[PDB]
Amino acid sequence: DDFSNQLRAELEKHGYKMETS
Amino acid sequence: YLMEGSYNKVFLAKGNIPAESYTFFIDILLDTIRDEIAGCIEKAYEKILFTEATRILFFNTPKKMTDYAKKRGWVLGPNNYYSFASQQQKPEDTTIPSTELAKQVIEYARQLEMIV
Amino acid sequence: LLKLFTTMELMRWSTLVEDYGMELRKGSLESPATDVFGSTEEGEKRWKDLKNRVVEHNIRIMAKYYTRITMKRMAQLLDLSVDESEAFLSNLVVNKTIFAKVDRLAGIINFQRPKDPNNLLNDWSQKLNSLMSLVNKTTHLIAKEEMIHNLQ
Amino acid sequence: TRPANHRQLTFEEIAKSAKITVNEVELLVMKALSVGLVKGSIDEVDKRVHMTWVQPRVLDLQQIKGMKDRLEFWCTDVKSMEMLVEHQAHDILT
Amino acid sequence: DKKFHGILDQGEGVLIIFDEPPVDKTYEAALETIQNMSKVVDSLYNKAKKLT
Amino acid sequence: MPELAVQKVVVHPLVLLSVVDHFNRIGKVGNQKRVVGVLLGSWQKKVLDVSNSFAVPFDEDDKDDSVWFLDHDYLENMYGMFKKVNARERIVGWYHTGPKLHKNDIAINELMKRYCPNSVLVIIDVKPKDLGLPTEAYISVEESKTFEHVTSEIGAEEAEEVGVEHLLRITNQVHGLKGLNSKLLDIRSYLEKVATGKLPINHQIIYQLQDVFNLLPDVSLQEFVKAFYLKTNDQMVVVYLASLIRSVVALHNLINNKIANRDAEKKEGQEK
Amino acid sequence: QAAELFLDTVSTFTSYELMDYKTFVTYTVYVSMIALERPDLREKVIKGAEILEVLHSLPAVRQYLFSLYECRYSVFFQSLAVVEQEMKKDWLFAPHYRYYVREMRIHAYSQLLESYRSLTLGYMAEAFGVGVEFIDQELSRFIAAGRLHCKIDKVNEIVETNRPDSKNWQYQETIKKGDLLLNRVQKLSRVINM
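First to last, the protein sequences are chains Y, T, P, O, Q, U and R. FYI, the numbering for the first sequence is 50 to 70, going by the deposited numbering. FYI, the numbering for the second sequence is 235 to 350, going by the deposited numbering. FYI, the numbering for the third sequence is 305 to 456, going by the deposited numbering. FYI, the numbering for the fourth sequence is 283 to 376, going by the deposited numbering. FYI, the numbering for the fifth sequence is 371 to 422, going by the deposited numbering. FYI, the numbering for the sixth sequence is 1 to 143, 152 to 176, 190 to 293, going by the deposited numbering. FYI, the numbering for the seventh sequence is 196 to 389, going by the deposited numbering.
These are computed hints drawn from the structure, not numbers from a lab. Some clues are possibly wrong.
A partial selection of chain O residues facing chain U, derived with a Cβ cut-off under 7 Å [said to hold, decoys possible]:
no., residue
1, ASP328
2, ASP342
3, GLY348
4, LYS350
5, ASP351
6, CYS357
7, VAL360
8, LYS361
9, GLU364
10, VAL367
11, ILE374
Using N, Cα and C, we set each Cβ at its ideal position, and we do this for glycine too.
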């Protein structure tokens, strides 16, 4: 609910994919 | 294990029970699994290599595995051959109208009073 | 030449227009009644006006005759290059006298219209009407069959 | 020799019989079709002509014999439909 | 914009149709009659009940 | 829809009964003669409305089809009285009993022709040939003798209809089979005839059958139909969907009625 | 039902204890992005005076509006901060949580997918700066819903599309509402029929 908004955001927002590029 | 269709899990020889009379049972149990595997292999694969098929059946000798295949009545080669494919909405259905007409008579008859 | 439009294949067309090079430049008369022209338009111009008109008219006929036609055949019939034919067809669709679909990535021209199931229904109902019509013929046929059998 | 089950037939068989080439038959069917000797459509996706019958075929005698058995089959089929209707209630539109 | 409703194939660098239109009076007819019928059914229950 | 045509005949119920009455009353029956009469009525733009009739005597020979006796003068004088009674009574045609035709049918016709090119000939048998309408109308002019499958329906005037009432799918299907059987009889008959060298050699009769077969029926069979069918189920599927909805809607209105009946009863003391 | 009401702006103000002006202007736009799609936006949300106010405040006329018109899922992740910011502090929009965010993320994605029949999953997965495993797993979550209809074979990086609007689909939805109604009829049948 609330957990997924925080969960999606850490994954989406905080890059470790666009910084490995 | 039987429920799942996990053939591998089934194959074992250790326990208290394997000592006594489970020996008598093992054959019966295998036959059921092998029937189930043949029916899968025809649906899944329309062609496969012969050797792959020999491993799968989990019989050691190629020969018994050849015996079963002729028994089923398949053409063989270095490959195994299989063919299937079905048709519908042309052979009868409740949505092919002849059979419907008979079905609709009961529906409408209920509706108005009859009763059928 | 008018009857030619019904049958049209259009190789015979070029032959006729060329052969008749003294009728179709002729707005003039060999005995005037009250008609006049003098060839104002140019009589030469008229052949151009006919040339598009017969080619289009031919496409009208193909629509009835064929449901599918290939672009190479369609071009052979017109006697126009494949590029040229395409160009006339495009103009003709905007004009709104035919329906056709152009597939220029394979080279096929459909004149078909998409079906509706009701459409197939219509046809199905007619087949049954023909059947009734027969029963009438058969009734008339019995009446006949009696006269012949005994006058009486 | 049965009902129609199709009326699509391709150029190749006809052209052989006719002893004119594949190109010629297309032009020819088009001449035939103008007259309305041919009732049909031309399918240019497999180069086959779908025909629609209209031929007289005067004096059949043998076909007639067969025709008597086929009609007979037809009388029975409707009869079955009827039995079922009889059993259940009475058709009143109201 | 939806001023033209095909689709674009950039892969074969071509324009393809997709403007294809479904039926819009059976589905629409059927859709409207249920939503109303639901409101009506619910009301009737409250009145029936003896406690709205 | 009901079948309509270019010319049409409407025959009144009164007319028909009159023939029934003529057959028993003349008492000449039991010699098995043609019961023939002249029909009268009302005609307009292209509608025969058979408003009236009157019987005509006739005596025919019972061993000669060339020797028969009929009087013209009887027709004029009686016609004259009818004109005097009601002037909306024209000569439409005549009637014969049937159930078979005669050579002589041609002979009554030549006379009626003169009076009006269109003379309807109605074949009326009380004794039931047909379990639908047992009266069939033809219009005939000679070439040879023609026929026409002109519709026959029973229209009426206001009075006539009330009198009728004072005196007092499945129907489709029985009739449908009937028709099949009549044709079936004709084929067996044809085979027999051809076998025994009898006149039939008609081109038309073979010609009609062939086309008919090509089409096939679709209330039985699938053979020609199967391709069409694929569309067909999908349309039916939708009609049914509609039907479902409406049954709930109906069911609901019934609930409202019950609750009201319950309330009323309960408070009263309960009595149905 | 809200969108009907929200669109109205004759009543610029209030007597302020009913609601407040700043809140109400911020609220209309927020509801716009979720609730509406781009022929509606171009038409209504150019309202002029309203557009000034959003600039006189935190983004929406900015980041969300540009992203909707542009139909990109390239640059829109910065606005995933806003869900966190506004919803959490509020008492009105809190209750809504993942349904509000998730429906917005889908909306954006759907437009991009609809643009290219034959879409490269691969190009998106890298440049949009996202985990390969996240985009797919959530995509397959969305396809299962019937929200998207992108036909995927995951080991390859290629996706195709089919008709999401079809006769068969429309009939399914009609039955689907029909079922819920059926249950109500039973509940009625329960209480009465004594």
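Hint validation: O:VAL360 versus chain U, beta carbon distance must be below 7 Å. Holds or violated?
5 Å, holds
Hint check: is the beta carbon of O:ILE374 less than 7 Å from a beta carbon of chain U?
Where the cut-off is 7 Å and the nearest Cβ of chain U is about 10 Å from O:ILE374, the hint is violated.
Hinted contact O:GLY348 with chain U - closest CB pair below 7 Å:
10 Å, violated
Using the nearest Cβ pair, does O:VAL367 come within less than 7 Å of chain U?
5 Å, holds
Would you check whether O:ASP328 satisfies its interface hint, that is, whether its CB is within less than 7 Å of any CB in chain U?
With a minimum Cβ separation of about 17 Å from chain U (threshold 7 Å), the hint on O:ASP328 is violated.
When the nearest CB of chain U is found for O:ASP342, is that gap smaller than 7 Å?
5 Å, holds
Can you verify the interface hint for O:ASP351: is its Cβ closer than 7 Å to any Cβ in chain U?
9 Å, violated
Against chain U, is O:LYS361 within 7 Å by beta-carbon distance?
Result: holds, 6 Å to nearest chain U Cβ.
Closer than 7 Å between Cβ atoms is the bar; does O:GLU364 clear it against chain U? Give me holds or violated.
5 Å, holds
Holds or violated: the hint that O:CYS357 contacts chain U, with Cβ atoms closer than 7 Å.
Hint holds; O:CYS357 Cβ to chain U Cβ min 5 Å, cut 7 Å.
Does the nearest C-beta of chain U fall within a distance shorter than 7 Å of the C-beta of O:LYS350?
Holds, because the Cβ-Cβ distance from O:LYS350 to chain U comes to roughly 5 Å (cut-off 7 Å).
Figure legend: structure checked against the earlier numbered hints; hints not met, in rising order: 1, 3, 5 and 11.
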